[PDB]
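K.L.:
One letter stands for each residue in the lines below.
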Amino acid sequence: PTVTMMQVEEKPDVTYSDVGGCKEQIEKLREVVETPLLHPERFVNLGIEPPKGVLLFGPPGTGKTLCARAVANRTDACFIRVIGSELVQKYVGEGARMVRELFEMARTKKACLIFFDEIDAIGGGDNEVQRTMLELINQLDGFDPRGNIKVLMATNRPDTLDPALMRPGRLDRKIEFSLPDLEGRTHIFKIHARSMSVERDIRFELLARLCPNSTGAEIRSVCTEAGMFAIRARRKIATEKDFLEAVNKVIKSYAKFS
Amino acid sequence: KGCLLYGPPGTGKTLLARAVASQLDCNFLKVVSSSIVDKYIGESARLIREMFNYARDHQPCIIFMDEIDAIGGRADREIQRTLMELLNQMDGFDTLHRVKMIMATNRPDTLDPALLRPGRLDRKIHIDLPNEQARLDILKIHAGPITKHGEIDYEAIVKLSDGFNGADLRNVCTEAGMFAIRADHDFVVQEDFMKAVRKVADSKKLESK
Amino acid sequence: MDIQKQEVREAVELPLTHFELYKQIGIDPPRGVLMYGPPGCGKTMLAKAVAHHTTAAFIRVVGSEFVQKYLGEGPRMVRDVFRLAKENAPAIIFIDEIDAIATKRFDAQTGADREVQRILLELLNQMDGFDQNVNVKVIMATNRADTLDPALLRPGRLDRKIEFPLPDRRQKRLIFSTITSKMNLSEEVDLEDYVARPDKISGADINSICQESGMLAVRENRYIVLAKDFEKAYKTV
Amino acid sequence: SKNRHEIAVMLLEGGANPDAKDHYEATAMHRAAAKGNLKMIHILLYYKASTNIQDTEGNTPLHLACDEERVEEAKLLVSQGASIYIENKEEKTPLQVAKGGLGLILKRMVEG
Amino acid sequence: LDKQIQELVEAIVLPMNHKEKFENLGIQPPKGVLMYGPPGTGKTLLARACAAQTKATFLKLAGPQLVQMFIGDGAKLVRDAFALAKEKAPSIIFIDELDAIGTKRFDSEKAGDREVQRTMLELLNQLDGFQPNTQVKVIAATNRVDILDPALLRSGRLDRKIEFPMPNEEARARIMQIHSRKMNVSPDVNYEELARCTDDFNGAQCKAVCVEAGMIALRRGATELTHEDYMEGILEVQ
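Residue numbers (the entry's author numbering), protein chains in the order written: chain A, 159 to 282, 291 to 424; chain E, 168 to 241, 249 to 383; chain D, 170 to 406; chain G, 115 to 226; chain F, 191 to 428.
Don't take every hint at face value.
[What the hints assert, rightly or not] Under the rule of at most 25 angstroms between Cα atoms (straight-line distance), these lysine to any residue pairs were calculated in the SDA-like manner:
#1 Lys404/D with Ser211/E
#2 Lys210/A with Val401/F
#3 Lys206/E with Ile291/F
#4 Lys222/A with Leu337/A
#5 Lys211/F with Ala357/E
#6 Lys168/E with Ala341/F
#7 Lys168/E with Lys274/E
#8 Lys397/F with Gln305/A
#9 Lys135/G with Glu400/D
#10 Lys322/E with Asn214/F
#11 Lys135/G with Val358/D
#12 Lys373/E with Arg344/F
[Said to hold, decoys possible] Pulled from the structure, derived: some chain D residues nowhere near chain E, Cβ distances all over 12 angstroms:
#13 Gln173
#14 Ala180
#15 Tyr191
#16 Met246
#17 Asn257
#18 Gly280
#19 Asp297
#20 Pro334
#21 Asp337
#22 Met352
Just so you know, the hints here were simulated from the structure itself, not pulled from any lab data.
Where is the CB? At the ideal position from N, CA and C, for every residue including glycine.
Full structure from sequences and hints, please.
P.N.:
Rendered as structure tokens:
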């Protein structure tokens, strides 16, 4: 369908210079996505084989921002993403043809990187799902395509028990996705300066130090819900005094139950 | 239509039932005691009537039930219920003049004296020991194709084999061949039969439980 | 009972001779007798009783005798049985299990059942034209009447709706004695608990149940059937 | 149940239990009241037999007598102390089981 | 493991070579070999590496693979498995986790595992009733032999039952030496300290230590693996 030609991840986004407080994890999952392609000879010459990937799970929070970092900071050619919602569809059995055509396009792209999104939509009879994941681990364990290929499993619920017991073979680094900090959000706002026309009267420090418990999704609702709440009245200028109720309401009315 | 094969001393019933059953058997239908796990709830009336109904539809049929002492003990009410179904469908209201079943066991003590009634289990033959007749005969038929050195002496192989079985001596002789197979010699000297059959035979004496 | 054998008696076997009576008495008795009772199969003991009392032909046909890919042979079969019924002897047609040919269906993918029920409407118009000077006696019974079409149970076609949920204790003694009198009986064969319990539990075709007990006595090992095959034939079938 | 007067009198004379119940919880009054054995029920009531034995379904012998339209067993048992209030699992009264106005003389013989 | 991996590697290599006397004098090679023992030994990746050393075509297959959402497919996968194995050249196929279906439970009411283990009985039909079984063999391994099928006493069935005698640091150092006998290894390995640090560890845990060596290899900057990277990974992940 349209997801085949639309599967390419064009239109780069959040870069590395605007990371959301990630200090150690950004290296733990960066040294496998950015450095192995920059220095392939060190991994093949120094030891057994280059690392494959890491594991990301837990609360959503600032999810998909680090994958946006991988898309933006790509050196030569942006990689291809894979979502889980394209597998569970009508006329079951198409998952084998889909994984064979994305493996065919992956080998057409000299064995580039593959990003798996929402593995819990198909994980958790699932014999065709076992065919997809066992064809993934089976066709990817072979050194024939490449050794620098990287997978990335992102999920919200750890209820995928079968992938959790099949992952220790190839995958590793079972760690939480990312914890949010307090000082890094001003860079998410600095890259949100390329968003819609925020009036220059707003100060990023005043909007930054007046909102605790401001995880990446919640500040995404600060800029997103702030802008759209400024489109409620279809206004033209967006001053912080106009949507301050949207700010303290989007942090407090949402911080009531959570 | 039934038979009871109790061989508490030594083995050899598998070589016989598997010998003729491997020869023709007129059919194949094997019931191994390991494939009846049955961890679900149960609607097995049409299942036992399904298998026995297949034995009624097919005119020739031979059923083997090896190691029945574990499923025939004298969480037990359902086992005794399935055995009641076995009684009611083995001596039920159907003619079984053509079907034949064979039940093998290990010890003739917990063999359900309600099942020991004739009809279900008519014939019974005890296997005490593999006498020298079938021992030297099975050694000659197992030593036929495999050639040996010109120095032939069966008195040492028969003499050093004391308190063994047909399958045990089979695995000891074939294990000796799988021990001389390492030196890829075409001719097979009998000294390696004394060495390998002696050591492996001692492993069978220590592991003869 | 006492009304079932009397109404079927005088409405079935009394007009089965001297055909001029149908118009000598005026209003011809209705030939439509619809039996009921879904516990057992049934619908056999009375067909045998008529098959032995009355000395005439009986062309029985399963309700799916013409359900095929073709449409013919319907009016050929029923027309031949009609012409031999009014020609040689008024044979009683036994059409059992009309629910297979009386099921509602609106889709046109299964136009075979709708086509043969349109043929059923054709012969319905035939029996509409067969109410004056005709020798025809067709018994039509079934086990479920909730799904039957209203055009079949319309007055003037099926005017007798006899219900048979359970026979009385005297009819139990007769229905057991009429089958145990010929088969091997003994003192253990008793009709007291077998007149008490089968009167509590709903069960039809008692004669067929005793025939199943004959299938439990077909081993020839025990020459006389006992209570074990009776109660076992009760709990099983 | 076989309407054997001398066999019943001689069995009950030796020390038989009238209230003895089978596996179906039915006594001899269910069968004697089911086959129309009036005099058998009467000679059973000579030996002080109970008339309110519940069956496996809960029906009393009065339900089995009135079920077969036994007017003499209904008038006898009700006229001797049969309890019409005891119901079965189906929740059916002896008046509703019998038809043809027999429940009217049942309740008439209960109140009177 | 030389006393057991020598007989294993021989028992999986010589059948492809010794066909001469196998057809001239009718010697029956071991068809069923049970590579059981305590877990963590790495029998799956060691048998996969040795199967890759046999040069024959390898096909992956697991124990619970016979259990499907539908019924009657196990006969298609076993008869089809011996159809590709029957028609194709003599190859090597290694499975694992056989004890899950080789359990003789005492309950006897009903289950679908009765039908799955009945397909297993069809596999035993195709390993016992077929005298031309000198073709492709079926190697099976189990992680526990607490409940084993007593009817596995046959040369064609699981006969080579080799237990793992308390796999101390020597066994882990040797399976790690075979799993990493080809890539860049430092030319100073006594195995005494690096193997002695491995206490009650698994095969995937030692190879996970090797993966950790590949993880700090990026931040070491050297041109070849070192000696302290083994204990660095052992003390790193575990």
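K.L.:
All hints, please: hold or fail.
P.N.:
Okay, the hints, checked on the actual structure:
Restraint check for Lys404/D and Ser211/E: the C-alpha separation of about 17 angstroms stays at or below 25 angstroms, so the hint holds. A hinted pair counts as satisfied when its Cα atoms are at most 25 angstroms apart, and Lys210/A with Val401/F qualifies at roughly 9 angstroms. Of the pairs offered as hints, the one joining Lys206/E and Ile291/F holds, with about 12 angstroms between alpha carbons and a cut-off of 25 angstroms not exceeded. Distance restraint check for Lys222/A and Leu337/A: the Cα-Cα separation of roughly 19 angstroms lies within the 25 angstroms cut-off, and the hinted pair is therefore satisfied.
Of the supplied pair hints, the one linking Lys211/F and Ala357/E holds, its CA atoms being roughly 13 angstroms apart against a limit of 25 angstroms. Our distance criterion of 25 angstroms between C-alpha atoms is met by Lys168/E and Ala341/F, whose separation comes to about 24 angstroms. Only pairs whose Cα atoms come within 25 angstroms are accepted, and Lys168/E paired with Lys274/E is accepted, the gap being roughly 5 angstroms. The hinted pair formed by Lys397/F and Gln305/A meets the criterion: a straight-line CA distance of about 20 angstroms does not exceed 25 angstroms.
For the given pair, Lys135/G sits about 19 angstroms from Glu400/D by alpha-carbon distance, which is consistent with the 25 angstroms threshold. Distance check on the hinted pair: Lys322/E and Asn214/F sit about 13 angstroms apart at the alpha-carbon level, within 25 angstroms; holds. With a CA separation close to 20 angstroms, the supplied pair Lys135/G and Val358/D stays within the 25 angstroms bound. Between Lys373/E and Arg344/F, the direct Cα distance comes to roughly 20 angstroms. Compliance with the 25 angstroms bound is thereby established for this hinted pair.
With a cut of 12 angstroms on Cβ distances, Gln173/D stays outside the contact zone with chain E, its closest approach being about 34 angstroms. Every Cβ of chain E is farther than 12 angstroms from the Cβ of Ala180/D; the closest lies at roughly 41 angstroms, confirming the non-interface assignment. Distance check for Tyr191/D against chain E: the nearest CB is about 50 angstroms away, which clears 12 angstroms, and the non-interface claim stands. Non-interface call for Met246/D relative to chain E: holds, since the shortest CB-CB distance, roughly 34 angstroms, exceeds 12 angstroms.
The claim that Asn257/D lies off the interface holds: its Cβ sits roughly 43 angstroms from the closest Cβ of chain E, which is beyond the 12 angstroms cut-off. No Cβ of chain E comes within 12 angstroms of the Cβ of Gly280/D; the nearest lies about 35 angstroms off, and the non-interface call holds. Against chain E, the non-interface label of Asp297/D holds: every CB pair exceeds 12 angstroms, the least being about 47 angstroms. Non-interface status of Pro334/D relative to chain E is upheld: no Cβ of that chain comes within 12 angstroms, the nearest being about 28 angstroms off.
In this structure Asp337/D is separated from chain E by more than 12 angstroms, as the shortest Cβ-Cβ distance comes to about 31 angstroms. Separation of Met352/D from chain E is adequate, the least Cβ-Cβ distance of about 15 angstroms exceeding the 12 angstroms criterion.
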